[PDB]
Every structure is written in C-alpha cells, then in structure tokens.
Amino acid sequence: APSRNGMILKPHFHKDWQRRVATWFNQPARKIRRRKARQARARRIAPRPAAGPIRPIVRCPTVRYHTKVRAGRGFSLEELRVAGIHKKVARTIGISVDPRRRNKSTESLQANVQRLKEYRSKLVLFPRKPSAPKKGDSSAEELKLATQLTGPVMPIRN
Amino acid sequence: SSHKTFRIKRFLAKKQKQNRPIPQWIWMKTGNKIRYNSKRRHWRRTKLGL
Amino acid sequence: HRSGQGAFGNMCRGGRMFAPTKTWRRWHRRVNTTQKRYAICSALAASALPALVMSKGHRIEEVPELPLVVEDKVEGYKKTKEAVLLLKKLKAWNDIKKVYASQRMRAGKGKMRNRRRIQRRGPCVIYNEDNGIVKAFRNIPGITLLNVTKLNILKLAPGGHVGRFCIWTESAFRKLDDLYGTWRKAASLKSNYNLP
Amino acid sequence: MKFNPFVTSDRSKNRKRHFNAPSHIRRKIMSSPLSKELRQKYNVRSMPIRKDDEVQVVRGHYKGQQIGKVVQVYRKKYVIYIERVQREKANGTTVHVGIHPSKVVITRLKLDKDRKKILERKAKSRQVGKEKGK
Amino acid sequence: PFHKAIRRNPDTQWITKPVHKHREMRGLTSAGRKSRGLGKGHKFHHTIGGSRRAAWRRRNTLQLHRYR
Amino acid sequence: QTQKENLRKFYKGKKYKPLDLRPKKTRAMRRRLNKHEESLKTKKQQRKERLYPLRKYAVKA
Amino acid sequence: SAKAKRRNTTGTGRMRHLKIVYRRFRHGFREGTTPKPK
RNA sequence: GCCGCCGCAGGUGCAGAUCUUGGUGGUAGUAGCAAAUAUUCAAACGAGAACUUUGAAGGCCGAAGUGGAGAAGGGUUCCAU
RNA sequence: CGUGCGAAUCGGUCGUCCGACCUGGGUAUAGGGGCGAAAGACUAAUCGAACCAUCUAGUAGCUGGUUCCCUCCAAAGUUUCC
RNA sequence: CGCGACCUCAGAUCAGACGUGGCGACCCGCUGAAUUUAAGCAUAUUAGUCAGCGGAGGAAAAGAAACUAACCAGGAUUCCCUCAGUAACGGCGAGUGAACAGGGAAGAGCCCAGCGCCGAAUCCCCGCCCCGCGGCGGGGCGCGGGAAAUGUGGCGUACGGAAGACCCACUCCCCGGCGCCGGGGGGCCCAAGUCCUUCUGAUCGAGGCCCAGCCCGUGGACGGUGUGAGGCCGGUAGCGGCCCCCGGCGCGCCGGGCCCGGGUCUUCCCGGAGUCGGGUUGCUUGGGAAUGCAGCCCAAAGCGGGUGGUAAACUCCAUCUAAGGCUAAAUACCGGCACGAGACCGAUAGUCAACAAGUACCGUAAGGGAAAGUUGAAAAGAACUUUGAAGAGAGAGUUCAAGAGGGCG
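Protein chains in written order, with the authors' numbering: chain L, 2 to 159; chain l, 2 to 51; chain C, 85 to 280; chain Y, 1 to 134; chain N, 137 to 204; chain h, 63 to 123; chain j, 50 to 87.
Do not rely on the hints blindly, as some may be mistaken.
Calculated Cβ distances over 10 Å to all of chain C for the following chain Y residues [said to hold, decoys possible]:
hint : residue
1    : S9
2    : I25
3    : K28
4    : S46
5    : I49
6    : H61
7    : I67
8    : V70
9    : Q86
10   : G92
11   : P101
12   : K103
13   : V105
14   : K116
15   : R126
Here are the computed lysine to any residue pairs in the SDA-like style, where the Cα-Cα straight-line distance is at most 25 Å [stated by the list, open to error]:
hint : chain 1 : residue 1 : chain 2 : residue 2
16   : h       : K118      : L       : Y120
17   : L       : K123      : L       : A141
18   : h       : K74       : j       : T82
19   : N       : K153      : h       : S101
20   : C       : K162      : Y       : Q127
Worth flagging that the hints you see were computed from the coordinates, not collected in a lab. Quick reminder that beta carbons are idealized off the backbone N, C-alpha and C, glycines included.
Work the whole structure out from these sequences, hints included.
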C-alpha cells in the first residue's frame with residue numbers, strides 16, 4: 002500500500018546484508034591504541050620531534066580549491082640545488098626528499114628556500130658519540146636547550 | 002560367524018569386561034552421584050550396533 | 085524421546101525466541117553540545133535552594149551557614165583519621181552515618197550478577213590538584229572526589245534527583261569565576277559561551 | 001579499594017575457586033587465629049592447622065575451655081575432628097563431630113624447623129609492614 | 137630453496153621466506169599479474185585498495201556508527 | 063638417563079650426530095636460515111651504511 | 050555437512066602433542082635445559 | 001528475602017490457533033487371554049504345586065518328523081552354586 | 001482375519017515338473033541415469049524421476065490463530081483504470 | 001676391432017637436504033546454478049552468490065609511475081568521512097551503480113638484464129689440527145677434485161652514470177664474546193572486637209562501647225565461616241617486603257673483515273618483444289563509436305610509443321616511459337592459547353547438551369539425535385521389641401523441627 006506524495010528512493014537491502022556486518026565496536030579502543038603507539042614512538046625517538054621532517058609549501062590544483070596551501074611530500078631537486086646542501090647528506094638529518102615533484106613556481110621555490118634556511122637556523126646537530134664530540138657539531142649549551150617540540154614544527158598559516 | 006576373527010574377537014573380549022556393573026565400594030565414599038551402571042548391554046536387548 | 089516433536093517456533097520448546105536481540109540496535113543517543121552546556125549549568129543554584137537537599141534526604145542541620153568552601157590545606161591531609169577528624173570538626177558525620185546505616189539488600193536478579201551490595205550516595209567533594217587527597221579518601225565510601233572543570237551530569241543528579249551537596253575548595257571557588265564569569269562577559273578559558 | 005584489573009571480582013568465580021582447589025591450596029585455606037597472649041608474643045596474626053596441634057572450641061553448641069587434639073584432617077569438606085568432641089550413635093558407638101577450623105583458638109603449636117621458618121617469615125613481613133607505615 | 141649456494145646469498149633470502157611459498161600457485165608472478173589486468177590510470181578503478189575482492193568487499197558493505 | 067648423558071657426552075665433540083639428539087621444535091623455527099646467514103649483509107648495503115648512517119638531530123623552540 | 054564438522058573435532062581426541070606445544074609456547078621454546086639443583 | 005515512591009527500559013497482560021511439551025479422566029474392569037487332537041493319578045524338597053520333579057497308564061509327530069548335525073547370522077546365549 | 005500370527009498370512013483350490021526349470025556364493029551396470037520377454041513396470045515398508053544436508057525463514061492476490069481495563073467520536077460493499 | 005672427450009638420455013638401501021596430510025575464524029588465485037524480483041516471463045536483478053580446488057602467513061593482499069590532471073598544480077601504498085546514491089548503466093522499466101577534490105592514523109627506499117673498466121681478479125662441498133657452537137661460526141693447510149667464460153666480484157639503474165683534468169679537507173663502518181650500569185615472567189607472606197547484656201539452631205542477630213561520639217585504613221573490592229561479618233580466615237592497598245631467571249638500553253677491553261669523499265670544464269653511453277597495437281567472438285564492470293582480461297590471425301615503431309572518457313583525417317602542446325623485481329606502517333578474526341566485564345537467560349529458559357552429552361539410541365549409508373538439579377548445618381541413614389518365610393506394618397532413638405524417612409527444598 003504505497004502512500005501519498007513524497008520522496009522516492011532505491012533501498013539497497015535486497016541482498017543478504019546480515020552476512021556482511023561491520024559496525025564500529027572499537028572506536029575508543031582504536032583511539033587508545035593509536036595514542037599508545039604515538040606515545041611509544043615519541044619515547045622511541047628522544048631528540049626528534051613528533052612531526053619529524055618539515056613539509057614544503059604546495060600550491061593547489063582544482064580551481065574550486067586553488068586558493069589553498071597544502072603540505073606535500075617533500076622538497077624538490079631544484080630546491081635542494083638552490084639550497085646547496087647535498088641530498089644524501091640532507092636525508093641523514095631527517096629531511097623529506099623526493100625527486101619526482103615538479104617545479105613551476107618561482108615564488109614557492111623562494112618560499113621553500115626560505116623554509117630550508119629557517120630549518121638550517123633552527124637546526125641543532127648532535128655528536129656521533131656523547132663521550133667525544135666531532136668537527137661538525139654545535140655548542141654544549143644548545144645540546145641542553147634542545148628538547149622535544151610538542152606539535153607540528155613551523156606550521157603553515159594563511 | 003562360526004569362523005571367528007582376531008580383532009573383533011578382542012573387541013568382544015573388551016565388551017565382556019565392560020559388561021560387568023559397578024562395585025559396592027564406589028558408593029561408600031563421599032562423592033556418589035552414580036546410582037547404578039547406565040551404560041549396560043544385554044545380548045537379547047542390544048544387538049551391539051553393527 | 086525426541087520423535088516428531090516440532091521444536092521450531094516461539095510457542096514450542098526452544099528452537100527460537102520471538103524478536104531476537106540486535107547488535108546493530110541504536111543503543112547510544114547523541115547529545116548536542118549546547119544541551120550539555122545547560123546540563124552542566126543549573127546545578128549550584130539548586131545545590132545551595134536548600135529545600136532540594138531536604139527533599140533528597142541529607143542532614144542539612146549540621147552545617148550552620150556556608151555553601152561549604154574549606155581552605156586549601158584539605159588536599160594536604162593523607163590520613164583517614166585526619167579525614168574523620170575534619171568531618172567531626174565540620175560536624176558533617178550524620179550524612180555518612182546514614183550511609184553506614186542504610187545497608188539494605190537488592191531485590192531482583194542483580195544479586196547473582198555482581199550487583200549485590202548497595203548503599204546510599206553521599207555528598208560530593210571537588211578538588212583542584214592532587215596532593216595525596218585521593219590516597220586518603222579512596223577507602224571511605226560515599227564521598228566521591230571530582231575535578232573542577234571536568235564534571236558529570238550523572239554525578240550531579242544521581243537518578244534524576246537534583247539536590248546532592250557538593251563541597252568546594254578555595255581554589256575551585258576562585259576558579260569558577262575565571263571559568264564562567266558573568267552574563268555579559270564570555271568565558272576566558274573556553275572559546276565562547278554566554279550565560280542565558 | 002582495588003585498582004588492578006587482573007584481580008577476580010566475580011561471585012561465581014570466587015565460589016568456584018573456594019571449593020575447587022588442590023590439596024596444597026586447601027591446606028593454606030584451612031587456618032586458625034591465635035590466642036591473645038600468643039598473638040602478642042609471636043606477633044603473628046594467623047597460622048595454618050595441623051593434626052598435631054591442639055584445638056579449643058570457640059563458638060557453637062559444644063563450646064568451652066577443653067584442649068582437644070585433632071584426630072584427622074579431612075580437606076574435602078575443610079574439616080577436622082577434635083578428640084573430646086563426639087556424640088553417641090544409637091547402636092552404641094561414638095562418632096566424632098566435625099568442627100570448622102575458623103572457630104579455633106590456638107593454645108599450643110607443634111614447633112618444627114619448617115614451622116619456625118613460617119613464623120620468622122610472617123614476623124619479618126609484619127615488621128616491614130609496620131616500619132613502612134610508622 | 138634448500139641448496140646452500142642459494143641459501144648463503146643475501147639477494148635470494150626473500151625468495152626462501154615461508155611467506156612467499158607457492159607464488160606460482162596463487163599467481164603473483166608476471167603472468168599471474170598480466171592474466172588479471174591491472175596498472176595505473178583513470179580507467180583502472182577496480183584494483184584500488186588491496187585487490188578486486190577487497191575493493192568489492194569495501195563497496196558492498198555498510199557502516200553503522202555508535203551514536204548514529 | 064646415565065646412558066643418554068654418556069652418549070651425548072661422547073657425540074658432543076663430533077660434528078655429525080643422529081636425528082634424535084638434534085633439538086625438536088616447531089616447523090617455522092626449524093626451517094630457517096643460520097644466525098650468521100641472517101647477519102650476511104650485501105656489499106652495497108654495507109657501503110651505504112658506511113657512507114650515510116642516520117644522524118642524531120633536533121630543532122630549537 | 051555442518052554436523053559432520055562438530056562430530057569429529059580436534060578437541061575430542063588426545064591433543065597429547067598439541068597441549069605440550071602450547072605448554073612450550075607459554076614458556077618460550079627453551080631447548081633441553083636443566084633446572085638449578087640444590 | 002521483599003514492598004512503596006521519582007524518572008527510564010522490556011523477551012511485560014492468553015481461551016482457543018486439527019497451537020507445543022507434560023500430567024490426568026468418561027470409556028472400563030469393556031473387548032480379549034480360540035491357526036496346528038490329549039492328557040490322567042501316587043509321592044516329593046518347599047509355608048505354598050492346573051503348569052516343576054520322578055514312578056505308572058493312555059497318545060501324537062510316522063524316516064520328505066515335533067529326529068540328529070552343519071553354513072550365513074547371533075557372541076557366552078554351554079555348565080556349576 | 002481384516003485395531004491379524006502378518007505395515008499383504010492361511011483353507012478349498014491349481015499352471016508347470018528333463019527343459020525357454022528354480023537357484024547357493026564372488027563380480028559388472030546408480031538417478032534426467034541404470035535395469036527392463038515392455039507393465040512409467042522395479043530400484044532397501046519410498047519410484048510419472050531414490051535417500052540426506054545446504055540455498056531456505058524459496059514463493060503464496062490463500063486459508064488457521066493472534067493476550068489488561070475505562071471514556072469519547074464514529075464507516076463502505078460505490079466514479080474511473082489495468 | 002682396439003685408445004682417450006663434447007652433447008642427449010639413464011638406476012639407487014650412494015653422503016645430506018625437501019613435498020605428501022588432519023585442521024584452518026581472516027586472506028590469495030579460478031570455476032561459480034536456481035529458487036526468487038520484474039504481482040506472468042526470456043532481456044535485466046538476485047549474482048563473481050552458496051558450494052568445489054589448490055595454498056602459506058599472524059597477517060595475506062599491498063607498494064615507488066608508460067599516475068590524478070587542464071589547475072597559480074601536485075608525486076609510493078593503505079583505512080575512515082563528506083562527495084551523493086552523484087554521473088551513468090538498464091524490456092532507459094523494475095533495479096544496478098565509482099573516483100578525481102579536501103582533512104586525519106602514515107612515512108623507507110630502491111635494486112637487477114643490457115651499457116662498459118679491470119689477469120673467473122668467482123665461490124661451494126670434503127679431510128687434518130686449533131680455538132667451540134641445544135641456529136658447527138671463522139681462519140691455517142690442501143697441483144684433492146668439481147662448477148662457472150653459454151659470464152662471475154665491485155663500480156651500476158632513468159632523479160643520469162662513468163672516465164680524464166682542476167681546487168677543497170675528513171678519519172670511522174658494522175659484527176662476535178667478557179665485565180659494569182636500573183623492564184618482564186614464575187612464586188612466597190604482611191592491620192584493626194570474636195569487648196559486655198540478651199535471643200534461639202549457632203550467631204554473621206538487637207542495644208551500648210564517654211568527654212575517644214570502641215579500633216586501623218596508600219586495607220570497608222570479593223568469597224566462605226550452624227541465620228544477612230571491615231575488624232574469624234583466604235586476600236584486598238603498595239613506583240611496598242623476600243627468592244630465581246632472561247633480554248633490552250649507556251661505558252671500557254681486545255678480536256674479525258675495513259681506507260672507499262664534496263664542487264667546475266670536456267668526451268663516450270643509454271634501455272627490458274611475438275610484447276603492445278589492429279580485425280573477429282565471449283566474460284565482466286557504472287564505464288556507456290569497447291574499463292579490463294581471454295580463444296584465432298597479423299604484428300611493429302625507436303624527436304619512438306601508451307593516454308588525453310565520441311569514431312575517423314590535418315596539427316600544436318601536457319604526462320611519464322608497461323613488456324624485470326623486493327619492501328614493515330594504519331586493515332580483518334566467528335577456531336585455539338590466558339583473562340576481565342555485562343540494564344543478557346535462569347532447569348521444557350540459557351550452547352542440543354549446568355550431571356560418566358554428539359553421550360545413550362536409530363538407520364545397510366551418506367546421516368539424524370534425546371530425557372535428566374535442589375535430603376538434613378551436620379548421616380546424627382533408624383540400634384531395641386513384636387507380627388510375618390521374607391516382603392510389608394506397630395511402638396522407640398536422633399535433631400530446632402521427620403511438619404526433612406535412602407527418587408528424602
């Protein structure tokens with residue numbers, strides 16, 4: 002007995018959906034598991050921050066959303082060439098490096114070079130051995146002033 | 002079968018030892034839930050499966 | 085013995101019961117945030133309303149005059165005998181003696197389902213920071229210790245009965261003015277909420 | 001209060017662990033408190049029971065100040081049999097009446113090296129628990 | 137897999153793993169991947185996720201939340 | 063027991079031994095590689111670990 | 050044959066090797082050691 | 001071990017469905033203990049003998065038997081107390 | 001007899017009985033298939049398509065039933081279509 | 001005929017290593033029917049559906065571009081949300097039906113064929129002795145042999161690499177034992193009343209315990225104890241106490257292999273085949289002048305080729321280069337190993353099975369499949385007399401009561 006004027010739909014319940022049932026039982030359990038995994042990772046990497054490697058400034062496609070700034074994968078080859086630091090040396094100090102990304106914007110090129118200069122100014126490098134320092138190391142005061150930055154390091158703001 | 006076997010004969014020999022009921026000392030103890038032997042067999046009643 | 089019994093159906097022996105229970109039933113109910121705001125509100129004005137305390141059944145005669153706020157040295161106590169001495173100096177012992185007296189037994193199926201012992205709910209106490217107050221007050225039942233900002237509606241209204249008395253501290257009594265404030269001024273610690 | 005989730009707090013599970021238990025656990029369950037003088041002297045709250053130990057009846061009908069020796073220990077019902085606790089069957093003989101070991105005051109313990117080891121362990125635990133509190 | 141000259145080589149230690157037993161039976165080799173048909177492009181929207189069966193399972197299921 | 067400890071003390075020094083004296087365990091723990099074979103790293107991997115190891119670093123506040 | 054699966058299960062028989070496999074797994078697979086004597 | 005009161009929740013209200021299981025009646029001390037000839041006396045262990053024991057008499061099956069032995073099948077069904 | 005001794009027995013009673021005679025054991029032929037001196041005849045007390053389990057809680061404009069109280073309001077067997 | 005080898009193919013109780021199969025909740029690759037919906041029914045839908053075959057793991061699948069894409073662009077994989085049930089498919093009817101976009105768990109990269117530089121400059125097995133190993137590890141000796149030039153060791157993978165020349169400055173790279181330096185597992189024990197009056201069956205019951213409103217509380221969770229116990233006991237609390245064992249992480253020691261780099265100019269080198277693709281025919285998808293696979297035929301191009309959601313001709317530009325491969329991360333668990341919890345049920349209910357339950361039992365078989373709790377706190381289970389062959393009665397005894405009499409709430 003169909004009723005009066007109203008909306009119409011296609012209720013996809015003709016199949017045996019009681020066989021394939023996957024409801025959300027472990028939402029807070031998965032949240033506590035991710036929390037404990039993140040705390041275990043933060044206790045694993047002691048000098049390293051929670052975010053780790055920094056992310057470049059990324060322009061957007063899809064002209065509905067072209068007035069945004071994203072955080073992509075890593076820095077580009079021309080960016081590392083203008084920065085001057087070799088990529089195999091910069092990978093060891095925790096910098097996201099990928100040769101696949103393109104470069105079609107001099108403004109974001111200069112912005113990523115400025116981001117790398119800010120990371121170089123904020124960089125604190127530890128010695129290889131705590132008993133004996135080496136040549137390319139920082140002062141002893143910065144080793145004590147260095148700590149875990151809780152949060153994303155140098156966040157992108159509009 | 003008048004021509005008797007070897008393995009089924011030992012099976013029947015084990016059933017003849019299982020045929021005997023419970024003793025008298027088993028219910029004299031503390032824990033006595035068994036009143037009598039339930040798993041019994043009779044040669045006219047039970048035809049031994051098969 | 086089971087031969088032509090027909091055990092299927094709800095009317096027969098076993099088989100299935102009518103309307104089997106659902107794991108995908110909507111057990112939980114979501115609540116809007118602004119409704120939780122008004123649920124947290126309208127509590128202190130009713131707990132101070134002294135008639136609701138007598139309607140609940142607490143001994144209100146022992147407190148002469150205070151919506152009870154004690155000094156900051158309460159968290160410094162770490163002994164149950166010091167807690168009993170503080171309750172005797174504040175004279176609030178009859179409300180917990182009523183809890184020790186009312187030790188009736190539950191009538192139902194909850195006796196074999198780990199819900200046997202029941203008792204009377206006492207007054208709540210709100211602390212600000214831990215200084216050994218939990219290690220002292222975890223043994224004595226009835227007195228529930230809560231946080232200043234983190235409050236629950238279920239503990240403020242046990243069983244839909246508003247009137248349960250709440251003991252505060254000096255730091256919490258100063259922190260409530262920083263949290264809520266007044267009608268025209270919004271919350272400083274929170275983002276934006278005005279009093280109605 | 002309890003704050004350990006491994007601790008069993010189920011009524012049927014405690015009633016299962018009370019009855020169903022092997023012999024060394026049943027022997028440790030069967031215990032009795034000491035007297036007021038011996039408790040103050042040894043600083044021991046409670047000790048297990050033995051066939052050689054002496055037993056007085058504390059509560060019940062046939063109570064008094066009679067020093068009774070344990071006849072034999074029956075751990076299936078968690079019971080002992082006291083020497084001067086019995087009643088007459090109608091045929092003429094006498095049958096001892098079993099008394100639960102919780103209603104037992106201790107007048108004398110049969111001291112052995114293994115018994116003195118348990119006394120020294122309980123006294124050391126009592127002294128450590130008193131020193132950590134005071 | 138049990139020969140010593142193959143076993144000592146670290147370049148073939150992934151071949152002798154117990155996870156990779158019977159690759160040719162499941163069809164995870166080159167011919168097994170070419171017989172199904174998959175790759176990269178906008179025309180391939182049926183191997184997203186794990187595989188065709190996993191994508192079909194993620195399509196034809198429902199998700200019921202806690203508070204709804 | 064005494065004959066078995068005498069036999070294992072006799073055959074401990076020799077390389078070859080019967081299958082009963084060899085340790086019986088689960089299949090996934092039997093069919094493995096050797097401990098030195100798990101430590102056999104390739105020359106190019108050792109060259110990469112020699113040239114560029116992971117450094118210890120941090121950032122300022 | 051749903052009832053034929055539950056007629057002849059693995060839990061019906063001995064599991065004389067399986068129970069000592071679990072009893073060695075709960076220890077951690079020690080291979081022929083000796084306990085400490087007096 | 002249980003009741004009332006303030007809110008909430010249900011596997012919450014039975015007379016039937018040739019409804020399910022279980023229990024009990026009129027019937028009813030009814031119908032029945034009829035396929036194939038046949039039994040009768042003395043004593044006896046035993047409290048107790050139309051049915052069992054021995055002693056006697058009279059018969060049946062009539063060698064294609066109401067006889068003795070086998071195979072399949074049954075599995076202590078054979079004997080003693 | 002026909003709520004049997006019997007989920008197909010017995011009495012009177014026959015056709016045939018040196019040859020198209022019955023048959024004891026082992027083996028071959030199994031289900032849109034087999035066998036069949038041809039009767040949808042038979043195939044384990046079931047044969048116009050054998051037994052058991054699953055889809056299956058298949059379909060049913062069709063029958064059978066569907067449980068506390070009190071108060072107020074208060075119906076149609078038709079226009080047209082398939 | 002006679003003498004020595006290369007290739008094809010031979011048999012094992014030759015030394016030594018593998019597979020067989022029970023089970024499998026999750027997963028991978030294939031075959032994959034109709035009851036039904038379309039009030040009939042064949043196209044469609046149910047439906048890559050049950051079922052069947054093969055296979056290992058605590059996960060598998062999975063992964064670094066012949067990508068999304070016409071934007072001011074991003075750049076390995078995975079799950080969730082919006083997208084929206086949106087475009088579309090469909091007797092355009094019923095019905096079926098994705099992602100690009102953005103935000104979070106996530107971060108690990110690369111290596112081979114070819115190309116060429118260096119005296120196969122490359123390694124295995126067996127024996128001797130020495131150190132040692134319930135993962136026989138390394139070296140010393142071996143015209144003792146075999147393999148491999150039909151191609152082995154490093155450099156070496158698309159982001160360019162290498163060599164020559166020119167400047168700079170550097171000393172650590174991992175592994176095996178020894179001794180120090182402070183998370184886990186198995187155990188063992190730790191407080192306060194049996195204080196007074198009284199009741200019955202015992203009290204765990206009622207009253208009081210002062211001016212100390214009896215006592216302890218980093219212990220009033222839980223259970224038993226002749227009725228409803230914080231103080232009778234087991235145990236509870238403790239980053240508390242005691243014993244044993246393992247590894248993790250920071251320092252010293254010798255021992256094994258181990259001397260290998262950044263910038264500028266010039267020259268050579270460079271790509272993976274009967275594979276793409278075209279004609280024809282089925283399967284399947286939302287995929288629709290074809291999204292992909294497969295059966296037959298043809299089958300290349302190397303400023304070469306795939307795609308640019310409309311087929312075919314004339315063109316400009318944007319994308320990386322299928323035809324070689326590895327890789328943990330968030331993802332699933334209905335069976336098993338250890339537990340905890342519950343607004344679930346309470347002996348015809350709950351797993352069919354709370355007990356010697358797939359047990360007894362039935363069928364020639366694949367198979368089917370039950371009925372079943374509440375003595376007394378404590379057996380103190382009835383001694384003694386009589387009737388009677390014994391069964392079965394009539395007086396006594398226990399206990400608070402037989403008003404609890406061996407199938408006894």
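Here's how the hints hold up against the structure:
{"no.": "1", "hint": "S9", "verdict": "violated (7 Å)"}
{"no.": "2", "hint": "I25", "verdict": "holds (24 Å)"}
{"no.": "3", "hint": "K28", "verdict": "holds (26 Å)"}
{"no.": "4", "hint": "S46", "verdict": "holds (23 Å)"}
{"no.": "5", "hint": "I49", "verdict": "holds (30 Å)"}
{"no.": "6", "hint": "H61", "verdict": "holds (29 Å)"}
{"no.": "7", "hint": "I67", "verdict": "holds (39 Å)"}
{"no.": "8", "hint": "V70", "verdict": "holds (36 Å)"}
{"no.": "9", "hint": "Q86", "verdict": "holds (39 Å)"}
{"no.": "10", "hint": "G92", "verdict": "holds (46 Å)"}
{"no.": "11", "hint": "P101", "verdict": "holds (27 Å)"}
{"no.": "12", "hint": "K103", "verdict": "holds (25 Å)"}
{"no.": "13", "hint": "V105", "verdict": "holds (30 Å)"}
{"no.": "14", "hint": "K116", "verdict": "holds (35 Å)"}
{"no.": "15", "hint": "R126", "verdict": "holds (21 Å)"}
{"no.": "16", "hint": "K118(h) <-> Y120(L)", "verdict": "holds (15 Å)"}
{"no.": "17", "hint": "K123(L) <-> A141(L)", "verdict": "holds (15 Å)"}
{"no.": "18", "hint": "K74(h) <-> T82(j)", "verdict": "holds (15 Å)"}
{"no.": "19", "hint": "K153(N) <-> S101(h)", "verdict": "holds (16 Å)"}
{"no.": "20", "hint": "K162(C) <-> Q127(Y)", "verdict": "holds (22 Å)"}
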